[PDB]
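Have a look below at one chain only, the form deposited in one PDB entry, in structure tokens format.
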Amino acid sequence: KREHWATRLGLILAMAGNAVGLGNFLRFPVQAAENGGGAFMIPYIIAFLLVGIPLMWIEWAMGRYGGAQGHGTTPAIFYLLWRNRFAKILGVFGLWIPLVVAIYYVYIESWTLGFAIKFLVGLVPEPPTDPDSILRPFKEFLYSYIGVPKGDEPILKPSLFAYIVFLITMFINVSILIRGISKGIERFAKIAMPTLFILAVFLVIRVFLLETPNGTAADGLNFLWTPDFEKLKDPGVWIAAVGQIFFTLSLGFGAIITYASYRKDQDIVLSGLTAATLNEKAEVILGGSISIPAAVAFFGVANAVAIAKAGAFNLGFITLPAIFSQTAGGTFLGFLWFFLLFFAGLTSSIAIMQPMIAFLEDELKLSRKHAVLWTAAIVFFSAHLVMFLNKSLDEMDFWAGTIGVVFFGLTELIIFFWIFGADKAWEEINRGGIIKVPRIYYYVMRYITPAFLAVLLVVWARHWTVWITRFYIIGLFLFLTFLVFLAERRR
């Protein structure tokens, strides 16, 4: 018998753990600070209402609909809606995207674990005062961990501690996934989400008390929420907003679908809305009130924007620890920060590995033990690419996490609302609950959302170390297409 979420709330809490992750505390501050903070929020809100919320309901519908027929993954669920062979091929992306994203997501999550260990024990840089002299020791601290070469070289030389901690991170993910849906993920989400909420609120309160001659914690909140309608015409802001919305809500990652497949009795309208608002609260209230207000309080708005533009990890791994280190007990604040990130990423990595696990369980009839171990071997083996090859992690985040989920999000929209039938999809979404979707969203999900994506997708169009990554992940797609072929012959 297929696994089962014990309670309706347990699925909602695990869905919040799926959504709330490193994108709320690491990706969102960088995206907002890059695109002007407040000027970024208007397209972010519009993208959340026109793309985020509707796609959250759809994927939950396809998952619950497919889960009633014993299928959790997209290759089988796409075929149920569209009885076509090409539907199974496009469904491979629902296994390929979560696999490629988990290759680098779990590794970045291992950094938060390793940093939390050394910050707890107190093995952090020592500063004695220009901002560069406080920020430089922590920049060298991160570069020694992941093994960045001095200047430019195609090969990374990560530390032995980082490689060992990555093994521990893979072991922790397996330990949770090996126990299953109810006894493992649902059990862990009930504990991690309150811990996530308590740590973040404590950090937000501590950050809010920071004040220097150059800035105030409230100055960063004013920078993030004062809108700028002049930058509304910038297409780059709309691209960053929709891409951010896809990432934080786990849209196009095939993770919402498999999670929803383990519960037939569920109001997907209220459950999908609760999980989204829970994620957006942690994103713009908690994640938005830590990194940006602390950076602005110590360096000002102008320098805080330049810091977020220097790198994706420059804020949460370098600037925020160095800022904390200038305060009493800041080494412990650093520990609480990365411990906050570790629980945020751990509850999301187990969510993006279950799709490949559910495929081996449901389509190839493998036991959960063998399913978890085999997908873990795929993730651990492939992770050596992003561990040692410079810019290899950036190529995976682009193809699978950036352009893939947008392409896959439009694909599941068309299959569900255009091929399967808009009225059948509308019936399936609002079925089985007291909360019903307003009728206006029927036109958003049938006309607005697909046109909004397609228009934004075509308006997007305007070192050999990347070819190894392209060559590798292409083989990952061919390998998963092969198993979908094998699972079709067994049936």
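Note that the rigid core is defined as the largest set of C-alphas that superpose within 1.5 Å between two forms. Residue numbers count along the first chain shown, from 1. Compared with the form deposited in another entry:
- Aligning the rigid core between these two forms and inspecting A192, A383, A376, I239, the C-alpha positions shift by 2 Å or more at one residue, which is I239.
- When two forms of a protein are overlaid on their rigid core, residues whose CA moves 2 Å or more are considered shifted, and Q31 is one of them between these two forms.
- Here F86 does not count as shifted, since its C-alpha moves by less than 2 Å between these two forms after the core is aligned.
- In the core-superposed comparison between these two forms, the C-alpha atom of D228 has shifted by at least 2 angstroms.
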Given for the second form:
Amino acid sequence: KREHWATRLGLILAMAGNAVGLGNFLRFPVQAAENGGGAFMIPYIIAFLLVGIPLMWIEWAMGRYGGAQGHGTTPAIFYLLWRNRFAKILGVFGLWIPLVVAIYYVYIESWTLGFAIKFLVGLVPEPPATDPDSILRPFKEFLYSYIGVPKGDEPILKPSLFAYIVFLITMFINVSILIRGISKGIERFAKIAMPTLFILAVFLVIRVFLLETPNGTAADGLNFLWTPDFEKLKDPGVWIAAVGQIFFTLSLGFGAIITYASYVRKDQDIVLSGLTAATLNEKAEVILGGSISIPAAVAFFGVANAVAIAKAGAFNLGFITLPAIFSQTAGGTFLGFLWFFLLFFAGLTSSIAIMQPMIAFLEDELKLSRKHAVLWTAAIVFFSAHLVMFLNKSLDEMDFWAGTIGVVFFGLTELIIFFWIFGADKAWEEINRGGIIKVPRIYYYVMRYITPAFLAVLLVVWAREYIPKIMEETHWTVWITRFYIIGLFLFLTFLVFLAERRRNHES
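Structure of the form deposited in another entry, given the form deposited in one PDB entry:
Here we give the lone chain, stripped of any partners or molecules.
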């Protein structure tokens, strides 16, 4: 009846693949540097222990629970968990979030593929020594020419022809994997991509470790992230930043886990498999990820400038700073190729995970073939992405409502539906059923009180500090993007309507 993962190992590597592309290498280093890396470890571990693990297991169980009844998607899974019309409209969010994220994410993934192509061939800017900004500016210009950034006032992006071609290639590659299916495509690619990612990261970590400059060494930069500033541990903002990173550490709230877990067999383990996968992502995020960006930056610019450059963001550190830092070292363009090849493969395992929920919806509810479901989903993403490519703050706008506010809000709804409405006793049985290991009794208290309290705190905080703080100082072109992604929610709600009408006719 339903597709299933062939092997336990490929399932875990596939699941681990979702979180890797969502800034695993870039986000964690920045959050630690802003909040004191050594000090930041304790909040990060508490959040991973009291938020990430419980929610991951909740998502795994909801996916597998729905997959037994033939549904991999939250409109139907919520309705099975909660027999109410409002659960179906709430489930639309769980389709909407991964779809909106995909609209701009695959485009960003294309940037790594294009940059990797340009670096491999050596078609990169070369700074002439040494001025911190004069090294950074020619690469900042390089990204802007690729994206088509205007002067600054204009809201129009003029993407390069090369960047458009690469976006098509990137989309075609996504389709090649997704069209093969769960085991022939996703699972086969994850068994190839994850080890390749591991070798590049380790290779990069060793290479970065050997970087030295009169401004500093890379070993000094590594020491900045493990020596604690215990005085910064008392700040509530560090705890707010720790919980938020965990969502990107494990790709919680994007719907990828649920849809993936729907192809887990009804009696297969989710307790050990999900715990292993979440451990893989955390180890890769801390060890491998938190050892390439910051240490290389500290070596070239010293500790002080590095924090000022780490405050420029995780994206400014990934496409401008690190390529400019590798630009000066021996074999540096090839190291930039490796860095960008790493990002692309990490993106590939993630872009296929957030496009699979829409593919599952068409198959499960509208009864489309995999071929048609993959192509139609590809068409919708490719078409909608023209908004992200040509409208200036459009990417930023989708990232906020879907990938920032949306995922955290949806994570709380998953908890309440499964553990409060569906029943905490029922949900506990569903989680631990078929488990190689069993969840400890303490997590029943955590999943029912601690985890929802932490999320509601993060939300109300992330709300008041982001949502209504500045609703008036955004340019008027943001309404274009808001109008479109609101139309997408109406489109999905109509499809859920059609799906019920066909299900009321198949009787």
